[PDB]
Amino acid sequence: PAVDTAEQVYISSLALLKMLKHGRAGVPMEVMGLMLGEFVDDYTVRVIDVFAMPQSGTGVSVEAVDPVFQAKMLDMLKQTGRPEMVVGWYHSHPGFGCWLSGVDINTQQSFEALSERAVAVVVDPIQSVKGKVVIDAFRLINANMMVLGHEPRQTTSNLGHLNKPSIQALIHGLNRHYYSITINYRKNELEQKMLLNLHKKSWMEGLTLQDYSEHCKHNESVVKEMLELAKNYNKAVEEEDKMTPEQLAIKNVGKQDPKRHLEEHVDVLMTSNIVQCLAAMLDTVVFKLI
Amino acid sequence: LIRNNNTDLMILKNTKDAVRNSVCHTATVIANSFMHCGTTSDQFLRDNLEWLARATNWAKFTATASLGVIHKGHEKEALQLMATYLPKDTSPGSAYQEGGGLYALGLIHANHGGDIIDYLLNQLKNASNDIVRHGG
Amino acid sequence: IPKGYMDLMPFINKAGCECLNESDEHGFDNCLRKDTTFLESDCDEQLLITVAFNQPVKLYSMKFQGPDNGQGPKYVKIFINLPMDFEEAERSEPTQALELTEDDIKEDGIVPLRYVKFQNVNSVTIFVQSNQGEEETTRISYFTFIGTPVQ
Amino acid sequence: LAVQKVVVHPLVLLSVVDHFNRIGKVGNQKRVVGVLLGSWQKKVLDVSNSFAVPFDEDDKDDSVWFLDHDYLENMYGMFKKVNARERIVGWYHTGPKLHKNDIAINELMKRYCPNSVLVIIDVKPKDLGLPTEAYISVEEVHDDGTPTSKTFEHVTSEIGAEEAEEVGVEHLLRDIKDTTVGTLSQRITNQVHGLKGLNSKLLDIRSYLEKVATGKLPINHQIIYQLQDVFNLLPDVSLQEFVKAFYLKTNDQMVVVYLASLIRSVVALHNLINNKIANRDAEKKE
Amino acid sequence: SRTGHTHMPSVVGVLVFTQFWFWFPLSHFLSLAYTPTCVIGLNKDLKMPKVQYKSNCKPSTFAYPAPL
Amino acid sequence: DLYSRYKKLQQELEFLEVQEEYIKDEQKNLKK
Ligand SMILES: [Zn+2]
Numbered sequence: 001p002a003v004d005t006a007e008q009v010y011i012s013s014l015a016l017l018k019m020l021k022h023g024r025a026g027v028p029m030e031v032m033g034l035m036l037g038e039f040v041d042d043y044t045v046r047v048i049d050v051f052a053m054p055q056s057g058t059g060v061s062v063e064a065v066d067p068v069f070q071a072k073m074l075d076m077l078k079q080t081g082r083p084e085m086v087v088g089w090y091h092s093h094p095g096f097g098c099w100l101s102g103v104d105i106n107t108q109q110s111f112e113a114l115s116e117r118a119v120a121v122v123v124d125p126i127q128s129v130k131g132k133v134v135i136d137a138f139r140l141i142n143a144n145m146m147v148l149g150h151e152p153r154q155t156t157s158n159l160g161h162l163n164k165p166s167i168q169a170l171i172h173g174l175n176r177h178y179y180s181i182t183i184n185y186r187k188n189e190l191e192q193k194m195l196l197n198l199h200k201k202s203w204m205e206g207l208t209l210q211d212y213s214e215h216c217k218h219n220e221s222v223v224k225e226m227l228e229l230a231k232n233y234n235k236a237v238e239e240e241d242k243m244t245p246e247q248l249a250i251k252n253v254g255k256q257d258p259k260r261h262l263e264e265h266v267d268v269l270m271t272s273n274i275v276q277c278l279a280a281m282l283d284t285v286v287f288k289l290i
Numbered sequence: 001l002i003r004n005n006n007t008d009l010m011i012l013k014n015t016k017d018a019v020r021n022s023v024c025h026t027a028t029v030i031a032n033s034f035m036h037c038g039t040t041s042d043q044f045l046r047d048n049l050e051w052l053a054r055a056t057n058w059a060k061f062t063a064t065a066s067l068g069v070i071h072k073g074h075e076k077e078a079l080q081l082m083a084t085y086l087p088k089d090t091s092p093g094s095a096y097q098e099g100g101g102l103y104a105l106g107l108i109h110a111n112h113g114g115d116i117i118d119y120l121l122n123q124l125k126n127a128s129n130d131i132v133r134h135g136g
Numbered sequence: 001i002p003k004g005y006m007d008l009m010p011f012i013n014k015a016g017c018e019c020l021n022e023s024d025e026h027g028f029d030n031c032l033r034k035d036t037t038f039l040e041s042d043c044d045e046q047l048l049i050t051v052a053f054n055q056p057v058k059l060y061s062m063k064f065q066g067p068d069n070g071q072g073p074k075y076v077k078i079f080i081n082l083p084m085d086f087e088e089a090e091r092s093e094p095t096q097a098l099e100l101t102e103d104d105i106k107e108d109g110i111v112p113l114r115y116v117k118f119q120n121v122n123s124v125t126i127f128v129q130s131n132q133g134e135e136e137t138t139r140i141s142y143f144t145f146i147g148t149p150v151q
Numbered sequence: 001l002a003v004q005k006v007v008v009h010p011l012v013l014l015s016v017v018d019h020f021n022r023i024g025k026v027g028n029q030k031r032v033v034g035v036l037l038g039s040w041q042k043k044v045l046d047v048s049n050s051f052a053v054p055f056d057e058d059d060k061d062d063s064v065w066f067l068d069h070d071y072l073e074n075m076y077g078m079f080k081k082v083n084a085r086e087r088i089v090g091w092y093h094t095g096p097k098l099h100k101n102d103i104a105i106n107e108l109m110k111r112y113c114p115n116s117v118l119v120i121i122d123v124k125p126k127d128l129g130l131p132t133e134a135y136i137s138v139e140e141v142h143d144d145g146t147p148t149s150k151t152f153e154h155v156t157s158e159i160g161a162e163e164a165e166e167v168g169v170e171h172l173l174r175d176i177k178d179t180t181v182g183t184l185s186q187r188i189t190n191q192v193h194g195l196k197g198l199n200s201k202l203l204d205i206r207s208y209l210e211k212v213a214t215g216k217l218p219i220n221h222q223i224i225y226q227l228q229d230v231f232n233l234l235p236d237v238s239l240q241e242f243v244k245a246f247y248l249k250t251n252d253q254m255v256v257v258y259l260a261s262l263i264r265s266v267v268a269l270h271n272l273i274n275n276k277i278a279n280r281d282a283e284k285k286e
Numbered sequence: 001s002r003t004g005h006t007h008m009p010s011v012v013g014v015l016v017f018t019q020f021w022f023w024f025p026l027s028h029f030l031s032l033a034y035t036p037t038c039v040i041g042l043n044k045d046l047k048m049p050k051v052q053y054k055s056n057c058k059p060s061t062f063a064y065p066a067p068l
Numbered sequence: 001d002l003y004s005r006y007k008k009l010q011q012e013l014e015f016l017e018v019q020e021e022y023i024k025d026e027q028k029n030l031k032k
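Chains as they are written, first to last, in our numbering: chain A, 1 to 290; chain B, 1 to 136; chain C, 1 to 151; chain D, 1 to 286; chain E, 1 to 68; chain F, 1 to 32.
Pulled out of the complex, with its shape left as it was, chain A reads as follows:
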């Protein structure tokens, strides 16, 4: 039997946030934990939930898995409807990409001895930005099989070669001592609507009128700001008439652009005043004494 590149690691919405929260809190320590879930078939590894391991002490590296902590948490999670086996482990790489070092390879061999399809997921909480999390799932290449002249896994599809390996990972042993498993995310309608509540302002704020003394003062200041910008904007028009096309951008570097700031001031004021007017007009009928 040979592993397939079509294999996918499915991380739930809950499991993704816990690794990011634990990984960011533990910066720069390679804070590790266990990934609970279920090996659905030979091509799916589901990560329903994860739980973080304590740090035994100081040191930016992956510590050994504490069997008592693992046994006690697994035993207690079964009491709250979490009877899912450990399908691997996760650890954080705070800013230097997602790969496995020498210590991580030994840590993964411990899991592969118990479960042959265990997955080592690496999360980069520092390099992860909004809408794009730097995550990767790795499983070791047996040196005996690859040295003899066999590919670590068979290729029966395109699914395993859609993501181009990074140079940082290829430097640190990717496709030599471990291989990457494509990661998909299990998101349901309920969990998506729940997260949409983030930064959702209260209904009071929509009808709340900004302080009129400060609104006039802000209108006062910004209109005065455009007074100088308009004076500078006239100079920019004459200057750019007699400017070589190589200086259309170089000469704009380090010097403030009157046109650009004029648009920002116009955009801010027109959003500010229209909302203040519209909200005020709405409140005159909604909150009416008659």
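Derived by calculation from the structure, the hints in this document are not laboratory data.
Among the hints, a few may not be true.
Unchecked claim - Taking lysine-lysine pairs in the DSBU-like style, the calculated list, with each CA pair at most 35 Å apart, reads:
1) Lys276(D) <-> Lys235(A)
2) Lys14(C) <-> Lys58(C)
3) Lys244(D) <-> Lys97(D)
4) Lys276(D) <-> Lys201(A)
Once you have looked at the hints, place chains B, C, D, E and F with the ligand on chain A.
Quick look at chains B, C, D, E and F with the ligand alone, frame taken from chain A:
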């Protein structure tokens, strides 16, 4: 196609020496079946038997299945033709070949399984391996 | 047993298969047995079986047999891997609600199961909502699950 | 009070939903209760993690209920080892509304946190409001003479995220969230939501007054006291002083919009000039 | 087809061939789309006579590629 | 060929509506 089989085996060989991976290996086998589809000519597979043996797991499934593409329209004898290529029973890694033979057989009788349906229906019924059920 | 799927009765934990509302004279131990002894209930014909497996196991079909006197089941609700109080069975979502017909409940009838929903079954509970002849109590036979281990 | 605002992080909401979906499986569909973990910053709570606790109650009797408090201590120590700065700040339950027995449960939780904050986290996706309702237990001293009783006082709740928490949330909401809408469109959508929220709350008060009118619920005399204050605060927009000031203010903002629109047209014509110069220059050389 | 009918095996073969993205063995379905380009002469006996059709164009405009 | 030109133009017009609908839709998602 048999009589007018003006295939160019120099093109296939020039890419056989450029095969270094399993993906490039299975590509040539699918390529081989394409240039010889309906020509009933497995000359490339006959003269490169030790090279074809490098295929493992589903590449064996694809390689055995390539026979049906080559022998498409060979209604005259296909059960004996496939059994000639494939022994009845084999222990090591024969599920991919046995399953591939069944799906090669359907490739021979594509849209024309007048009487091979009963054979494929029996083998799928008396099938234990998941791979053989896949080819069947 | 159907070809390719074994009788899973030896696989289950006999010590660990509990029953709810079971008359003492005929109990769960006599239920799993192939012989004539049954599993009758005391409080009502309504009865709740709980079956915990030793290893992960798939259930392809079941033989939940009962005597044709009318005490055999006519409504079986199957629940998989619950984290069951005779009120949940009244209002819940069974994995595959099954109306065990007279052919299904005799000594030879087997009941097909939705093999899709029965794949990872570490513990299964079968509930008898109603019997065939509207009697006070029910009776069972060698209730065995036919399938294969997850492995 | 002791709590000014409760900030509930998206991890808790996902954890609470997962708690409900794994206990409220084929077993049942009751409310599930867990334990809230977070820190304290000035007077705003920072609920940031939670773990489930075994819990059950009787559908009929409210005084019969069980909470595995030993399980509470064992997992708290489990969580304290990973993150010591995250202490118990209260409990949660997914019940769509409060229950009669929460005041008893809070007393059990009050041992582990004296200022325990109960946050009701509705798993159902309510359309207009936040899923979180944060309550704290207070001793209501009635003036009618009725003896002082323990009650829940509402605390304003907000959903905020950590930097890495918000990174993952934006990843999960990458496709669903539409960020193309400008600020001005968003603010008007806030006003529509504000109108919808007010109408719903006005409907709730009207529904309560309907029950009181028909005798379904008793006359409270604290809600009615508050209701007179609400109707008294209703401003008179027909006053001459107010209308003139409103016109005085509206015209003050209009001239600023007019000036900004006037500048916008000039800048837009400057862009059109550059485009036509670029287009003419490109075709001259080609 | 030559008449204009939607050739069912050709349509089916191409789509399942495009599923080689998910399953490489599915690439053999393109054999269904391979329609031979021929003119078959027959008699009243449904046999093939020695008939030599004439192509009124240059031999090189439609011919097999020159082997390497 | 007079009917064919009229019908060919009708399909070409209808295709233009399809193309102009998808371009506006793509512009909305390209901004996203
Ligand atoms: Zn590492």
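Verification of the supplied hints:
no., hint, verdict
1, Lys276(D) <-> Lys235(A), "holds (21 Å)"
2, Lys14(C) <-> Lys58(C), "holds (18 Å)"
3, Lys244(D) <-> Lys97(D), "violated (46 Å)"
4, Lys276(D) <-> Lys201(A), "violated (44 Å)"
The earlier numbered hints that this structure contradicts are 3, 4.
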